[PDB]
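Given as structure tokens, the chain that follows is alone and in the form deposited in one PDB entry.
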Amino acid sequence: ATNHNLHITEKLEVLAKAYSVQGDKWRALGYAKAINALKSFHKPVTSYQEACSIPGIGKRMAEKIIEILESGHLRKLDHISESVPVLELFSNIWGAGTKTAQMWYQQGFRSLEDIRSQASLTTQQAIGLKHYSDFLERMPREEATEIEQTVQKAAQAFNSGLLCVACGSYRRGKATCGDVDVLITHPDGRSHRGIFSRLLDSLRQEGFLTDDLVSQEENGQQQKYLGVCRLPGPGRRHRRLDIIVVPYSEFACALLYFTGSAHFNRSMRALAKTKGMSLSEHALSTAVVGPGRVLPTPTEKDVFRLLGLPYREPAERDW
């Protein structure tokens, strides 16, 4: 729909970003839920009382909204730390978070060139710094498709029955993507095994995979790769790529989880908890007693159904 409260959310996003890079994770989360609540509200917010009735907006958030309504400006925006642009600069390095960004700032570093010459870097952060510009830009939707087809083609060379899906914002119909996550499975329930490691080998040989961030991550029977790819041809940029191989049993939940968004996932976890359940990339389960009971879910719709929730197409999962 249309955001009737753009004059409000524009300013709040600045604060959310400031709180974010300063390590204040929960405070940032509150702003994010608030901003989401505002831009999905059916009309302009016009009073403190009306603001408070909205779930996700309490007194402190309502005070700010009202200030914006009354004067058109937020005072807090004029008192945000001078360090925020620099901490944001450092936080856009893959492998570096707020703790690192603060350490670097406290060491006197103020630019990427300083990090490069005076700072110690993990192998991951060195790759993040090397591809900094390319990772900051979002790719055209059409490029996410080619990357998907590249992984798909290499995978079906081992087993034609394999199924590959690109999740994330791409699956949600965004015109651009921050990165690509390709989910791979097989319907026979077994042929997905033994594919992952020699798939990555193949993709390295043809020069598609350029760097590894996490070469291998084993979570249950899921296998995950985090790395960097680059399509053939002149002018092509380095892009963030994820490859997850999952068994068919967990495909619906994995699909649901990697499609996102992260806000949406969080909301579904909360909803699951109210019905005495848990939701992960692997399954929908009854709450812990020993472990819990895995409720089987062949399709994403079965997940919504077991949660007593009307299905939402991927395009409608922004939060």
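Residue numbers count along the first chain shown, from 1. Rigid core (definition): largest C-alpha set, two forms, superposition within 1.5 Å. What changes on going to the form deposited in another entry:
- Taking 2 Å as the criterion, residue 56 counts as shifted between the two forms: its C-alpha moves by at least this amount when the rigid core is aligned.
- Here residue 221 counts as shifted, since its C-alpha moves by at least 2 Å between the two forms after the core is aligned.
- Put simply, the smaller rigid part swings 10 degrees relative to the larger one between the two forms, by C-alpha superposition.
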Given for the second form:
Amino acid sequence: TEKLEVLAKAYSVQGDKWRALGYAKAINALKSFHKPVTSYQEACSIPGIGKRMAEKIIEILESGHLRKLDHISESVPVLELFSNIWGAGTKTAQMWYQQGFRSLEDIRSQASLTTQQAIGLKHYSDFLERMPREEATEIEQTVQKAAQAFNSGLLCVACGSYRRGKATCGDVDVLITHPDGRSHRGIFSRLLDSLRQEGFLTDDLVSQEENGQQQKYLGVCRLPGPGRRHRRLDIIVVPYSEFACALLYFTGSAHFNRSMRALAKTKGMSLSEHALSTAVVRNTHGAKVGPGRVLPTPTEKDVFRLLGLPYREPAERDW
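Which structure goes with the form deposited in another entry, now that we have seen the form deposited in one PDB entry?
Lone chain follows.
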């Protein structure tokens, strides 16, 4: 478990996403075994664990150490360091490494940075910190108030880890919509200008403001007063007809979403933040070829029901 995690992270930072999820699944299994793995045959009996993983287990439980962990490239720690810069992923980290960069100082002084990456670097430490749930509330209220200021009808909901009831939040995810099914259009320009006027927003990461069909705003904010840190803010404005699917998507968790969408896929359906669809056509590779039909989903419960699944409260989706 504690040993299988080091490998999982290494593969993740190296770009082997599926192997990484493979390890993550095994680790999760071991963390829920009525008893500690005492034998190879026992390890193989657990779903999500096979000979390969079992062997490594039978080694850690015996040899006390896993030879694998002692052979992990020395580049990993650096790749992880670089990958934690907002806007930089595995490809950029590997490129910087190949170019001989080994520290953030190297990046600051020698690396070519995108506009997003420079913001990520400037707030490096802050972006790795999680904020108290209470601060998330304060941030949501700052956005809601600015929104209801020019349209008291607007509906604002804090989603993500906040809605799932977590004690701390990585960022604050605010969903904005309007019950009148029309007053949501082009409200990003007004809201962002307002939030900027009060100095709440400090940096923009993703915001297609030239597009009137802008769907999301990814940025950075900071509440007033001393002792405040820069916090990440994710805002999406959606049409009321998509409210249920958008809320479901934005609430997550990410793992929960992928599992739910995977289920829908096994039923010839498809689920996005826009809608739940049926009669979806896919090829042998599993890729979509036909769009299908959009199903009516007034509430999140409707989505679960149409999928033949028992409704799950947000805190029940913390996967």
